[PDB]
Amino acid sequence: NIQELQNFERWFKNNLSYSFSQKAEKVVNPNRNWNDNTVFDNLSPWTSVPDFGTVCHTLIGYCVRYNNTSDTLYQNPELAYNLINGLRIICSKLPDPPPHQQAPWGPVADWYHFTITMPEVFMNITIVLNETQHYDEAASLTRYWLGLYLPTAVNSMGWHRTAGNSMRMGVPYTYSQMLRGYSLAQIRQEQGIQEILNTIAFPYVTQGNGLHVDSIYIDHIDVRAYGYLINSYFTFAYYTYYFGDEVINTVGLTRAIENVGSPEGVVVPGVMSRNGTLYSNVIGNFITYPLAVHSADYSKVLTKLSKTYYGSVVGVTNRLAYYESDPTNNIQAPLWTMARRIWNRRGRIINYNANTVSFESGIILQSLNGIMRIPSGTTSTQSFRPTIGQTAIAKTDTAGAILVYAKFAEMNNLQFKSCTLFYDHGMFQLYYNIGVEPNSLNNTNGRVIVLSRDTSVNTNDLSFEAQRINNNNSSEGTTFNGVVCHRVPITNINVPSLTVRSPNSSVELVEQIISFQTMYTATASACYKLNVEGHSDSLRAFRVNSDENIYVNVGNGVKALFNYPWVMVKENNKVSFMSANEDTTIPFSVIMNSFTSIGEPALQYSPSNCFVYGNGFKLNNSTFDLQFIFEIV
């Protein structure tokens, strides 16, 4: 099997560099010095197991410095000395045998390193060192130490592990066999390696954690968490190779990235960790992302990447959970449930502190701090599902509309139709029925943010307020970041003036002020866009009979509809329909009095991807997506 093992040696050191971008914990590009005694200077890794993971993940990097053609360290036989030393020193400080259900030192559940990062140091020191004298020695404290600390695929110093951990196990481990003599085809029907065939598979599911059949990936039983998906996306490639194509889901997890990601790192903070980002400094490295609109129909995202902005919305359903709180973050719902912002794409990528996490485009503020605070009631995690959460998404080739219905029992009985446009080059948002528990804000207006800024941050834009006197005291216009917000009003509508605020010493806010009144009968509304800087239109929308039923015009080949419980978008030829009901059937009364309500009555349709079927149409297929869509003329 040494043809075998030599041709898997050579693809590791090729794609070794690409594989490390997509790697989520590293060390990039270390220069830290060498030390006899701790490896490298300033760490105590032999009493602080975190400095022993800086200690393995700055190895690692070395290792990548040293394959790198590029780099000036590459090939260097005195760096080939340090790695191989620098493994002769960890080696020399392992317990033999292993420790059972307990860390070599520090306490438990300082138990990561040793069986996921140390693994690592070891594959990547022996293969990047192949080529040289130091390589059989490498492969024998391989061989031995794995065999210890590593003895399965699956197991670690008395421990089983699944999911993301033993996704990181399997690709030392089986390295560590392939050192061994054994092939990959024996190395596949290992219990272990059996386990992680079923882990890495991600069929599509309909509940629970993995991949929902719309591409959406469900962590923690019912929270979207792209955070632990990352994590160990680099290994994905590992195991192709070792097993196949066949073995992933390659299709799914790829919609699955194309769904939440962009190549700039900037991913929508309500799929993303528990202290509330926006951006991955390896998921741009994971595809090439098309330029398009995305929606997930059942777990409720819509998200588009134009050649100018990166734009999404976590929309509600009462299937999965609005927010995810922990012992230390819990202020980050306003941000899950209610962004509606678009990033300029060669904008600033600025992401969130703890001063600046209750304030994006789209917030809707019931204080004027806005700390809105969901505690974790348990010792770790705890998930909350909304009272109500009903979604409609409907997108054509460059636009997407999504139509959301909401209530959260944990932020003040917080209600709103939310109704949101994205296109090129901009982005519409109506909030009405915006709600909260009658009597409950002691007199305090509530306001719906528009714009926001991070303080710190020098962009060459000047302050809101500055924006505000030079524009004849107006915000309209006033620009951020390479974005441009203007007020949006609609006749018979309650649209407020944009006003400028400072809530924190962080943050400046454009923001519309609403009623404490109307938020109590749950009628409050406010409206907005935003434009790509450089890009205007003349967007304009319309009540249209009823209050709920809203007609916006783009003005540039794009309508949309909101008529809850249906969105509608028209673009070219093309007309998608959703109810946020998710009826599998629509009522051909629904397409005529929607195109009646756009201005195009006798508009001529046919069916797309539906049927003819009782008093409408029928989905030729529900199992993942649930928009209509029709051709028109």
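Numbering follows the first chain given and starts at 1. Superpose the two forms; the largest set of C-alphas matching within 1.5 Å is the rigid core. First, how it differs from the form deposited in another entry.
The residue among 105, 405, 551, 243 whose Cα moves by 2 angstroms or more between these two forms, once the core is superposed, is 105.
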The other form holds:
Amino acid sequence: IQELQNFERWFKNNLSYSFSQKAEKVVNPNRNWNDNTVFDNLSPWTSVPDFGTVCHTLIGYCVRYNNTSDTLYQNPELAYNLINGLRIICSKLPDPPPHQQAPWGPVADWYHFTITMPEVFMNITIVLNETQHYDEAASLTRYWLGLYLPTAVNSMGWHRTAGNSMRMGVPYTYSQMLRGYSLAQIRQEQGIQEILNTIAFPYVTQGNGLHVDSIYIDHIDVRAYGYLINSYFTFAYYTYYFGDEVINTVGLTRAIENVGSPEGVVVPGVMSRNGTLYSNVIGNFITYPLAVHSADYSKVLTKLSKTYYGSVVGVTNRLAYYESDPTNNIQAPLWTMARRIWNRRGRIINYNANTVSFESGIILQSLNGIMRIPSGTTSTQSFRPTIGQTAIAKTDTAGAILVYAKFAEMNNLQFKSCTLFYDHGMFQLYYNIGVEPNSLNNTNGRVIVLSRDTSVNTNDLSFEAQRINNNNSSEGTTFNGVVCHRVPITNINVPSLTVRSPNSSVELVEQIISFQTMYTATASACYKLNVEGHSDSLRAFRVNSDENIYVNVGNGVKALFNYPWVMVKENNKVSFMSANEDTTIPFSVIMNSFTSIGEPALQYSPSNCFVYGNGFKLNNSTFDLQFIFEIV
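Which structure goes with the form deposited in another entry, now that we have seen the form deposited in one PDB entry?
No partner chains or extra molecules come along with it, only the chain itself.
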């Protein structure tokens, strides 16, 4: 059949690429072969994790066999080892298959038999398709998957859904093609129909799924990309199998653009509960544009430039600001207060238990900086903020985010947060920082400007040595391709930069804020970060009234924070948004904003909105909440 041969060709053509997207894998294996256990130093027949390792290692060797640049490309002895490995596995599998137990090991360790093993059959059979082993591999696949994966969604007496089913459908479909069924026939099967529903990813307005502004929500109300990351590699298969209509590709691509980067750096607030800024696959999911992205409802602003990746997760009362579990409960400050740019050519330094409490933007309430929000259940618990109102405005190269938040579980911490991303830096102002009165035991708070894991050796001197070398000033302190500066604003208290080590693993540049001002919710801090080698003359101003903050980057980008409104102007384009999510904007708000940035007589025309009452109304507020005007 043409269909089968074409699929096998496509599979081999795209294997290396597909493998680069696959979350669970063993890359470039060189483990020695063993006629008893498939590979040396493993006990796969008694230990199910070891069987998983055998499975992954075999798949890894398939990729090596198939990879033109690999030293073992089309190597006949590897081909033999692969078919021999499959034979060994087949000789261990019970016939008939078990009903609702694992064939060996703990009765509940079914995973590698249902998920990973069928992928082994598929990978071995296809990569060996031009060898003398093909017909045997195909026959073993037809028989053994016929038993262990009888439908797309059933294995060993269990019905499967979600992530599990997305994995299963790929080798199942292939097994049916080997049996001579056409893709049109397979499509109509009940199991495949369930999977097609699972992979549709329609936009949703609440609950689990892809939200309307392309941020993935899991566990009812948590920003969480794990579900997408784990099964992403399967999407290309289903699109090949069943066509360009089965998956919301635009929605998913935008979802990845909204949080990821080619280097694999991802804002921690949308990642796993242990606190992480890295995925070893997300960089391979899509080709990323150089752009500023915003999710106006879910509250994410992300910029990818030629020099940096920067992102802020905002706060809305509609979504959890944090999720903890029995092990992980110190990650809330990182999820709520990370205000950082990462140099794209910098070292990817990920967090650990001793460093996860510290990052540019984090407000610390104690010297050691540990803030715990324990799970009140025997598994996970997510927490809604007491206050969560966020506005985002973006133009070509710049994006601003304005957050008003209050967190009951972090000692009633509240703040107004103003962030601006531009080429090549980031402005951050916190004002009205507050905590529960009389709660800090006479300990001053602090806002982290720069942080470093001291176990990492770079060519940067220590923060204290840099300070002393700079006439005892922490201005221009550098770490990992990022440089920090204090940003004074006349009539706003902005503390000086000082250096401190909160524990033996971390050094900080911070702005210390008095417990007295925190008690009155009047504490403030202001700094900027630059990509090393890329300085600017950014200035910020408090214009006449409280909360009216004008930032002139000095490169053509102007921004205004005037809670609840935020505005960015660049070239002939202006964007506004309200943290109240107003779908109308008054003429007077526009006029006052333009006056505040020093351009009182600006002429303008609506781009995505229309005259309605005493202002403008959005043409469409379904996905986006920014009013866009052209300066005419």
